[PDB]
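Chain residues, written in single-letter form:
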Amino acid sequence: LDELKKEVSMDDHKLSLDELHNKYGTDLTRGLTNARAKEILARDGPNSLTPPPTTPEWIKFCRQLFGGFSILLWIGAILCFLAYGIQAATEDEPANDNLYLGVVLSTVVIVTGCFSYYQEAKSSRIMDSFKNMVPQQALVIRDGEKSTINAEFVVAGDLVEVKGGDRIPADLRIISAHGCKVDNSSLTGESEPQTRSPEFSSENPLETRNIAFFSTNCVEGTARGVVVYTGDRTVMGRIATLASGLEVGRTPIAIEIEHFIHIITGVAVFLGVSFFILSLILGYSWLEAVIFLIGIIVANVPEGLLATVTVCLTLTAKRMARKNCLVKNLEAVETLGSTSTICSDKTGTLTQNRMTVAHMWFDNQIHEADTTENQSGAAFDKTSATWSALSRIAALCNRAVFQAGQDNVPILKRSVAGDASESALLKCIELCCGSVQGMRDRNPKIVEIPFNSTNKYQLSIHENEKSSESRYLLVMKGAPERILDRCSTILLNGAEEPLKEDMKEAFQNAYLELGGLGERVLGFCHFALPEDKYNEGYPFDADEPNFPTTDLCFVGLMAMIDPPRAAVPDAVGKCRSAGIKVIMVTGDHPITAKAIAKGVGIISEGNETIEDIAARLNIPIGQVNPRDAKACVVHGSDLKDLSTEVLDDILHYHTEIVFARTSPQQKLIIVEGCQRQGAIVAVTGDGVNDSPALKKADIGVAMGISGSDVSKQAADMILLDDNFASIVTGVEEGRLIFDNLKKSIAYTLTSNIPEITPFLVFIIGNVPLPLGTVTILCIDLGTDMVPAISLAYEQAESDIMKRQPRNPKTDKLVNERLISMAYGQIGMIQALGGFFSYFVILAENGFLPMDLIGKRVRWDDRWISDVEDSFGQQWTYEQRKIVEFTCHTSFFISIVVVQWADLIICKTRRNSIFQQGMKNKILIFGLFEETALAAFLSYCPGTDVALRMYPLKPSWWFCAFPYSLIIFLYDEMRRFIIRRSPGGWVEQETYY
Amino acid sequence: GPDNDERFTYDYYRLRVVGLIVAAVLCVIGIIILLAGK
Amino acid sequence: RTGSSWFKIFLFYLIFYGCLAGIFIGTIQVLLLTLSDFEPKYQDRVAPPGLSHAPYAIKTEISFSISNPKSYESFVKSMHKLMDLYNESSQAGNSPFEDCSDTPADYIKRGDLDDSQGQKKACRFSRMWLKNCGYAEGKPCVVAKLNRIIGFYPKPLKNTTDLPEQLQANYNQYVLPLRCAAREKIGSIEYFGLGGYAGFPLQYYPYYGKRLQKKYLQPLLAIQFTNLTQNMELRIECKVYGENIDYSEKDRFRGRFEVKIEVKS
Ligand SMILES: C[C@@H]1O[C@@H](O[C@H]2C[C@@H](O)[C@]3(CO)[C@H]4[C@H](O)C[C@]5(C)[C@@H](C6=CC(=O)OC6)CC[C@]5(O)[C@@H]4CC[C@]3(O)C2)[C@H](O)[C@H](O)[C@H]1O
Ligand SMILES: CC(C)CCC[C@@H](C)[C@H]1CC[C@H]2[C@@H]3CC=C4C[C@@H](O)CC[C@]4(C)[C@H]3CC[C@]12C
Ligand SMILES: [K+]
Ligand SMILES: [K+]
Ligand SMILES: [K+]
Ligand SMILES: [Mg+2]
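Residue numbers (the working numbering), protein chains in the order written: chain A, 14 to 1005; chain B, 72 to 109; chain C, 76 to 340.
Heads up, a few of these hints could be off.
[What the hints assert, rightly or not] The calculated DSS-like cross-link candidates involving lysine-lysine, where the alpha carbons are at most 30 Å apart (straight line), are: (1) 894(A) to 314(C); (2) 868(A) to 116(C); (3) 152(C) to 894(A); (4) 289(C) to 868(A); (5) 966(A) to 325(C); (6) 214(C) to 894(A); (7) 966(A) to 214(C); (8) 83(C) to 825(A); (9) 152(C) to 458(A); (10) 868(A) to 156(C); (11) 314(C) to 868(A); (12) 894(A) to 156(C); (13) 206(C) to 894(A); (14) 220(C) to 868(A); (15) 894(A) to 83(C); (16) 116(C) to 894(A); (17) 116(C) to 285(C); (18) 966(A) to 339(C); (19) 214(C) to 868(A); (20) 934(A) to 109(B); (21) 134(C) to 868(A); (22) 653(A) to 184(C); (23) 868(A) to 83(C); (24) 339(C) to 513(A); (25) 341(A) to 331(A); (26) 220(C) to 230(C); (27) 230(C) to 894(A); (28) 479(A) to 116(C); (29) 894(A) to 109(B); (30) 159(A) to 109(B); (31) 868(A) to 290(C); (32) 145(C) to 894(A); (33) 611(A) to 109(B); (34) 83(C) to 966(A); (35) 109(B) to 932(A); (36) 145(C) to 214(C).
FYI, nobody ran anything at the bench for these hints, they're computed from the structure.
Could you build the full structure based on these sequences and the hints that come with them?
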């Protein structure tokens, strides 16, 4: 299916033009016939990309409607209708009791559906972004005359004409071209224009000059070519299909949740049935022992937990938006924190995508310019008289211009008209010498020889600003070897000087070093023309050297590179300390790749590739032991020949990896290779060639500004400001919230216990029901909510960037250590706190605890309206019931009181509340508002019928207090243990 | 004496009053703390 | 799931859940200390008394066949379960019982709610005072009683304005009046009480509570419905009156019954 597309393309640039027409039943000069064009259309189909098998709107919502607790809640609703059915038939009990009870349960899911239909949304417009890149019309030749047609109507065989400005309508074989340059960033991620000529130039179809690709745009010139491939069959058409049609898959956080639902179900059904067999041994039929099993659902199923995890996810995402970091998926909030390996594209991701001047060589000295955006580095030189002579050539022997109307925007960001290298020089001088226009005015250009292909140099002649001269200056630049082949003298610190073979080598040194930095190098020289041979109105000839072009004063060297973004090197450093592996994956050339690798720290000082060793040692590479090399740099052309197992080993065996000159399918393979190992991988990229990789990563991050629309569609996150340092932040957030989610699970689950125990002891002890269905929902969908949510604003209990990535297989979000803590221990102290308030209310109304055993049958007997208490008094049905519901109400309140404690202790997993403090204002807000809700439900008139919640005497409020404080102490005690003895016991039994 | 009828009364009305008042205050206070910065 | 460490778990809970039961009990036993043996801390939940009766009403109903003896063996059970309590064989010696005014008299204070004196003495009540009431196999007999409340002096309304049973042999001072009603007048009410009246005698109050008065006996009021209607569901509401007596729209037993009698045969 998609495996064929992972293989690289196979072609026919090697064929002659004639052979090609031969193969496509086409004429080179006339083109196809209108008849044969139409025929060949219905044959192959449209010049159009075929959209992917989308997943409908209905099924997107309905798959969430069984999101674990969902289904289980239907079982309740449906079985609470087993109540309203047997009731409203045989024993018509007129009420909304079990009807409205059953109802809530189900519609708890429907409205909740929008929270997991918020967690698992998908912005999948890859193919539509690709489709945008096919022009609406094409210029073909049919029957020897040219006409524009719907680009879909283009077929293999016919003659297409493209010119500067337009888009390559299909894959073409260049048969004719005039000064044609093209933009192949869609394939390489590199934007510098590439020539198209009819002569084949490399055995590699993606490298040869006689093939022009769909999804690229003719940048200048004119060309004609024969359509070799249409629609889905084009190089990038295949990339679209590959990128569009990949299987997204489950995120870590999603898998952590699914795994938690299993543990949850696992105990819901162990106890659920365990209190069918125990109820049976006590004298209950398959009408009573069955109703209890299904009974013990709610109590075990956290109805509020979905909503919490979601608002938590959502609330975290909102913060990251506030840091210029857009998240398209809720699940993507976490993945950055579970990430073991990052596969980063180079150009426009790690780097600025902007040929910047990096180094200069003059005064027999290497200099280094500041290459950063906001120019955070320092000043290199201004004193030298040489510097200015150089500066002068850089500004004058230069034809680039800043596009109209940008004084607002900073230099290095403003768009320039001109080739990369000339823009670099322009931006350099404008920056550290004021207006270049200023110079070009003070020194009018009179004639120039524009950079030839053959000359390999560009010169100009200028009227000198200097009034005391106003004579003629010659300025030239080009290939550093060629500029030296035309020099006699050297402007050293102001004064010329013979070009002694001594300097002819200090230059040759500089040239080879800068060249090794992976930087592009230019030579610079000038000549103060002899006024004698050149009058004030002397004529010059740019056609035939009417003037000297030999024996000139060499002034300096300038070297430029597409430099790293400012915070990238550091961002890389931070990830590596977080124990994250950073792999460069670039379509760019290896020299350049490797140089940046070193520059941003992907390759660290001292590390070596086999080739480095062999060169140092002056031995063959066959004789170097591969394991001595920790770094590698793999060309795509080599990667192509390797089996997946061979990639796996390269992956296993190296710490500092650079895959260069990789195709889009190759970036995908690497990722797949990485995942095959088990890792969670973040792809960071910005081009249409990163699409398959971004779309395969566990999390794809795209660049906001420079990012192509395709990268943006394929990603899960957008860095809106192109700030790579955001990546570090993202991982830190994903780590923080993973933790703080545990805390919220712990907090929520704990109150499960005090909600379950009452119904059990109700059956086991034959006592009146201490807490009711309605009461529990007020805890779960009411009072525990803001507390639970508020745990997401918890901080780190340590430097979490300092720790390794979690092992996703071993380090679960919900482990046994959390269940034993929420259930076995804390929730247990919570149940007693509740049961106490129970015994208090009854005992104070005349029912001492001893007499409570065995009573429920009299108590719930509706026909007895004279139940005798412990003191001898007699109680009607409603009377005693009002007392019980008051118990329901104070039990409810007991939980809140002890959820106070659980909140403060779930605030930390290791630290003392005395170390972490109480700066979380959202949490504190939780306590107040939670208590305010409970007081409301208690004291608000009407809530004694709408919810069977009764008013509590002030004394009732303090029953649980000793139990709330014991929780605080118990846990504060226990973590004090944890810290003291890191190694063993309390930690391995109870540490989350 | 035979007129002990307070022994079967409780001012639930005033309780319900003071309960709601307190609830409203706690409610407000919570805001004041949350909105310490927004 | 561990090994050679479970002993570190079992032993843990043994004396942790131990410590916790120990504390939980610890707090019940303190609470228990701060309550009277004789009187509950709150009584505003029994606040006005409810009225309850002997015929165990299935669902506030007593439908039964006259042409069948065991068509009502049930109700008779609860009747005798209740009546067996008012035996004169039981009430023996001047202790702990007292012969009281054969005619409704006033309250009887017996000191304080202390054990400074032994068991506070209790008035007698002959079930013979319930003349006429197997019971009524037709046109049944129903026994009423007032739910016991410690220190509750039921106060009959004083004759000042209009009153339903308008001043009819009104014992204003010493009887808590019970009237039964349903328009729809198809019954025949009769009331077997103490001294003959249709109320409760104030000479049984205040109730002193079980711990200070076990074997105390509260009054009764037999109500016979020798009506002239048959084979239909009849809805009659017996109700008590007084200053200290109030009724509720939810507690349909708060100082009153609601019986669905049907002598179907
Ligand atoms: C012994 C039994 O007691 C009485 O009923 C009891 C069982 C059952 O009927 C219900 C209502 O259906 C149960 C229901 O089943 C299970 C619950 C949902 C359960 C939960 C578990 C959970 O996970 O969340 C909540 C706790 C209480 C619960 O909310 C209700 C509470 C009212 C009750 O009425 C109580 C009747 O008198 C009956 O006739 C007699 O058989
Ligand atoms: C109503 C009464 C009987 C409830 C008491 C339930 C007790 C016995 C249950 C409920 C929760 C349970 C604990 C919670 C989870 C764990 C962690 C697990 O890895 C081993 C068992 C252990 C440590 C459990 C032991 C038994 C336990 C303490
Ligand atoms: K629950
Ligand atoms: K993805
Ligand atoms: K819960
Ligand atoms: Mg890029």
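Query raised in the report: Taking only the CA atoms, is the gap from residue 653(A) to residue 184(C) under or equal to 30 Å?
Result: Not OK: residue 653(A) and residue 184(C) at ~108 Å, beyond 30 Å, violated.
Query raised in the report: Are residue 894(A) and residue 156(C) close enough, with their CA atoms no more than 30 Å apart?
Result: 25 Å, holds
Query raised in the report: Does the alpha-carbon distance linking residue 152(C) and residue 894(A) stay inside the 30 Å limit?
Result: 27 Å, holds
Requested in this report: For the pair supplied as a hint, residue 339(C) and residue 513(A), confirm whether the alpha-carbon distance does not exceed 30 Å.
Outcome: 138 Å, violated
Query raised in the report: Do the alpha carbons of residue 220(C) and residue 868(A) lie within 30 Å of each other, as the hint requires?
Result: With Cα atoms ~22 Å apart, residue 220(C) and residue 868(A) stay inside 30 Å; holds.
Query - Pairwise hint evaluation, residue 825(A) against residue 83(C), where the allowed Cα distance is 30 Å at most - result: 24 Å, holds
Query raised in the report: Holds or violated: residue 966(A) with residue 214(C), Cα cutoff 30 Å?
Result: Status violated; Cα separation ~48 Å.
Requested in this report: Could you grab the alpha-carbon distance between residue 894(A) and residue 314(C) and see if it respects the 30 Å cut-off?
Outcome: 22 Å, holds
Query raised in the report: When you check the alpha-carbon spacing of residue 868(A) and residue 116(C), does it fall within 30 Å?
Result: 21 Å, holds
Query raised in the report: Taken at face value, is the distance from the CA of residue 109(B) to the CA of residue 894(A) at most 30 Å?
Result: 45 Å, violated
Query raised in the report: Between residue 145(C) and residue 894(A), is the straight-line Cα distance small enough, at 30 Å or below?
Result: 34 Å, violated
Query - Proposed proximity, residue 285(C) with residue 116(C) (alpha carbon, max 30 Å) - result: Judged against 30 Å, a Cα distance of about 15 Å means the pair holds.
Figure legend: structure checked against the earlier numbered hints; hints not met, in rising order: 6, 7, 9, 13, 15, 18, 19, 22, 23, 24, 28, 29, 30, 32, 33 and 34.
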